[PDB]
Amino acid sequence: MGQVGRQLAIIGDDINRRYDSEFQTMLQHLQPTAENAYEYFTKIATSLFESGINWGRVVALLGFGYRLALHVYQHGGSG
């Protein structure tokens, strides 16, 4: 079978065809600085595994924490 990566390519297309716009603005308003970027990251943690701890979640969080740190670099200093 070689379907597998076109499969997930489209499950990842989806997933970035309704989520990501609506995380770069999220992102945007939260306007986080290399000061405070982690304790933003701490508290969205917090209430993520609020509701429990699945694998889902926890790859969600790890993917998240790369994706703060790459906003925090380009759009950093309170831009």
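Throughout, rigid core stands for the largest set of C-alpha atoms superposing within 1.5 Å between the two forms. Numbering follows the first chain given and starts at 1. Compared with the form deposited in another entry:
- Annotation: Cα of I11 displaced by less than 2 Å between these two forms, core superposition.
- When two forms of a protein are overlaid on their rigid core, residues whose CA moves 2 Å or more are considered shifted, and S47 is not one of them between these two forms.
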The other form holds:
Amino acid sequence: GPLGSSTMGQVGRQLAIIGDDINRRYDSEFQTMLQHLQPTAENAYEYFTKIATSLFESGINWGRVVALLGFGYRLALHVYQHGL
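Moving from the form deposited in one PDB entry to the form deposited in another entry:
Left out here are the partners and the other molecules; the chain alone remains.
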């Protein structure tokens, strides 16, 4: 097919490499952070928003936003798996 030889296909595979590297570098770190926070459904929103406010206090860039999104995803998984 034409996708994989196009520049768009190539960039998609480069983003796979980068996204897998983000996952390897930080997934377990996020889990450790969340095990220390012990979020539940009762405090997940308040924890996430206060963390976000501190995060962006010193600035915003796309790396910080995607760190927050990945941490938030892991936070939602933590709340789900412990509220079962």
